[PDB]
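Single chain ahead, by itself, as structure tokens, in the form deposited in one PDB entry.
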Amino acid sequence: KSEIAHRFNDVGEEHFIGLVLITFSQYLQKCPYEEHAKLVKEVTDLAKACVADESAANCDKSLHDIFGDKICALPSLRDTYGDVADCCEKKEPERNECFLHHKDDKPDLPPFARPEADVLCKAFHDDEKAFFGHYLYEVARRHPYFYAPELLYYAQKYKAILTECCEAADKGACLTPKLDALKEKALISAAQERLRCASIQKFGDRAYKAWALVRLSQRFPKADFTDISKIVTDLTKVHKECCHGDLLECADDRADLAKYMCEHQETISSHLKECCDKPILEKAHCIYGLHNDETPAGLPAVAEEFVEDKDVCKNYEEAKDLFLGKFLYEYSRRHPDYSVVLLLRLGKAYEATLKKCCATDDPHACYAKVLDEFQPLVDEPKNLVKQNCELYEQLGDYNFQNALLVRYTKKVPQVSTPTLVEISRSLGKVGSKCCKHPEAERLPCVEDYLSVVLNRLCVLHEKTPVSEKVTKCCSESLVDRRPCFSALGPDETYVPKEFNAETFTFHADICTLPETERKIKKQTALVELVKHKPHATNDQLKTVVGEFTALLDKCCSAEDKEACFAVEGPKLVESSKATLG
């Protein structure tokens, strides 16, 4: 019978350890590494016991519960992690819910800092196993929903970079570009998974199902509806699980799904060839991001099945999900150029037209132009991508982030500074990722990445709500979030923040920051300016940041750093007020 044995045997020891360290780092984000390693040994030992006897030890119990019992075993928790000991005194299947609800999307943690190359390679040389325990633990605690088996994949890429670079001439010059690139992939991965989890948990299984139906219909245009559907069903269970902290099950299930798709690759995509050769993680990663197969030629016009067919209303009425799944499949596989959110928006339009029209005396006369009515929904996002790409190319990264920071702060000034600056910085990454593709490739690139970034604002804001406008964009339809945020003008009801000296007065710590961190400091300041003076002009703002820049250059090459900051700090505070009013 025993679950931990089945799972142990299934994913094998190596992945088993990692998934259990991930599980523990996800539930208990503030515990020291050394504490988590012990919980993992104690759990590994148990599975190698349930390897012997199916009835030998606690092997009868659900995984939810083996994790349950291990946390509360050390009451050391009640103190630094005594908020969720409220959960330890409760029971299943109600307890494990308490645990999951306290996952902190923004734990109070210093940044994961990366050591000098010499030092990082030394740590990896001395103890490799400890090294990647540390890594899984530092990423998973900071991103409590990261897609667990993709995390394993990234650990493995990370080790391949240290192997290549640690013996090198200049270790730094070899590591830095490669780590920085790996880090960016992992952030995007974390943001995509957080979106799946939020769709599932906040808007229901169906909302991710539809999303995954569209995306897989674009990716695998030749595969038939019943196959896509089967893939959509299994991938739903996969992410429902991972999103719920059932990582052993998720990893195992995701493996069967990779296997099933390779074993049936003939009738899915020719591009599956690239993936099916590969060892497990590499294979499932490859699948998970495969570029779109080409559209089969000779498909009938979509109007035949969805406008002229005499059973349109009977289909919609008698089997709604089946019929509208088909609409999504058919429409999406033929539109790799559209974003997922757009396609879902067309689904919603089509459905609302049917609902309304099929309840009239003459449904056909009412819905005949439904596909033609998609045009203005297609044009809004295409226009926006184009205007914003020209702005990106015109201003460059930093000034584009600046313009979005100003626009967003005026939009939702109640939002906290670190969130506004994070969210603006992500918005400017989209310019860089996407505006170099030709016109046709741009929309799915931009709009799908916007989803991920808006979701990130929505999860942060859910924790501590402060803006009615965010809450509204974030909780109405998932698929309208981008248009919803787009349509917000400046919030003219916000009462400007008091002028606040220490949010504007600077100290010598700051001189140690690399230029990239100084940018964030300039950008944090700009946000506080816009909060203080929401009608400030772009020239006003450029002049205050300009002064900030001069203060920094000046006091950062002083021998007496604290005392130049004292002479100049308050002289900035005084020139800011003057420029601003």
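Here, rigid core means the biggest group of C-alpha atoms that superpose within 1.5 Å across both forms. Positions refer to the first chain, counted from 1. Compared with the form deposited in another entry:
Checking 265, 416, 201, 505 for C-alpha shifts of 2 Å or more between these two forms, after the rigid core is superposed, gives a single hit: 505.
With the core superposed, residue 31 shows a C-alpha displacement below 2 Å between these two forms. Superposed on the core, the two forms barely differ at residue 14: its CA moves less than 2 Å between these two forms. In the core-superposed comparison between these two forms, the C-alpha atom of residue 46 has shifted by less than 2 angstroms.
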Second form
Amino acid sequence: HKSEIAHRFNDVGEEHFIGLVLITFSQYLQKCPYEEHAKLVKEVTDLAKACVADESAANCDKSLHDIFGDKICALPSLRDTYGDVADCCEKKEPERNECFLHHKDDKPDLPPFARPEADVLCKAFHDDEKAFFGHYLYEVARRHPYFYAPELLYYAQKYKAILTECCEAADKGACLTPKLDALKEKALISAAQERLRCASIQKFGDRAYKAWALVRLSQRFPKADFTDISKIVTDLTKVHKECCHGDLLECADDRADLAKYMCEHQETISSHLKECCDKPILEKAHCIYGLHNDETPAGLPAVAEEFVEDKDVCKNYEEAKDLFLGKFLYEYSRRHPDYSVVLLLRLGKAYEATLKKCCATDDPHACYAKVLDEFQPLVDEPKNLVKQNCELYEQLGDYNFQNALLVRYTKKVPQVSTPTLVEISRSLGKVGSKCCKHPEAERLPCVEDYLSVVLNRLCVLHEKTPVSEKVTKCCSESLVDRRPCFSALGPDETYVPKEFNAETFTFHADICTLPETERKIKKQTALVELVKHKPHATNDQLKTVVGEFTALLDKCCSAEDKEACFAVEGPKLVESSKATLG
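Can you now output the form deposited in another entry? The one shown was the form deposited in one PDB entry.
The following holds one chain only.
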């Protein structure tokens, strides 16, 4: 393997190679049209093929970054399409590659992912599968420039499974949509989980992600020994570092090598692996990625005996910190399948901080004897929040619960851009729908782990154009304390309210063309803007002025001439709003 391109082509096979290269280009160049990307893919794939034939062929010895780079720059369009991706080809490797990476956009300016009509969609699918899935991987990857690439391949396969079933049946849409919405929601959660893994590695270092993986894998495979869970964490950290950095072919090859390793060792890892290890490669790794927890081995000693009683606690911590704190996370997490990963990391942090304090005293055991008892308040803190918010979710339902959170978050961090506030509050709402229904003991980990990915999305959206200082502080001070940090924010009483824009409540007629989902987004946008104008208004005053947004909408979109309805109701809403809010 002196030729990388040949080595990856041979390892992943033509079909995945082509998909991974398409995703690679789609993530780096999110604005470029499909045609350009398919050209680059063929050019790279032709080069791959020339090298597999004869490793001595021209460019066969380049790095994958060189090859992607040399194909990108030779392309006619880029400098006109992009201002600052013109900039990058003005560097050499590794600077050139690093540059492309920093331009990845977490919210590229693109219209929503078009879901054509059921028969239309089924027709495209039968017409030309290859073109259909190429467009699919492009449209998702460009909108989610850190999506776990091997998993995006899996989603394309699932999408094909769903189409194959539904497209032939008597009603199309009726079969299709509940499945395509299930799939979309599962893929969005996948993208948000991977975005958190990349942000952990990139902002906080490999160790931030290794501790998170150690905890999760300890809980999933508690019968595995610390050595094996450690080897898996190491390999997984490498896989995610590669995928998060755009080394998609290496990431897919390494992930497939890991799945193969775990299958070849399943007896000593988990009996639950047999489900997965019988499947084809993408289903097999997907299955492993989300596998349900094994049962805890019977007969494990009391966790106090290694971590509080052993005379060598301070010695171990001082002489081999990561090994000893890793063993702490492995032992505590395997014993606690029903804690969120983040709580287990916060307990790991408290245990560490207690050792740091206690081991510098005359009597460390006297100092840290109660360390494990001192966890309970941390355990109990996320409980009260979950119970109060899940009863509010139960009572208000999705739409009003989202509204409630929208008003609460806009008052906490009112400098945040309205689209971000809307998107985050809507996501925080979906945590209610996903989590509140589970038995109480599964609720905590569901909610807490889900809130991590939603807050990380807020942090990554805010990172690029920082506008609020509390968000910068909560996002930058920790990974694991982000949720308590945001929880503790009261209303910002420092923010100067915005004065009243006429232009905020009339969006011409294009609004009349929007599906139900988008109308609600528009209402929610108006709500955020009302809160930014009048942060002290009552919930009922807010609702009223939105109710009157609901009217001016129904009115012009019930009326023959919406435009003339606009002159009559648009300012008049300026008026009725003054009446209601002052």
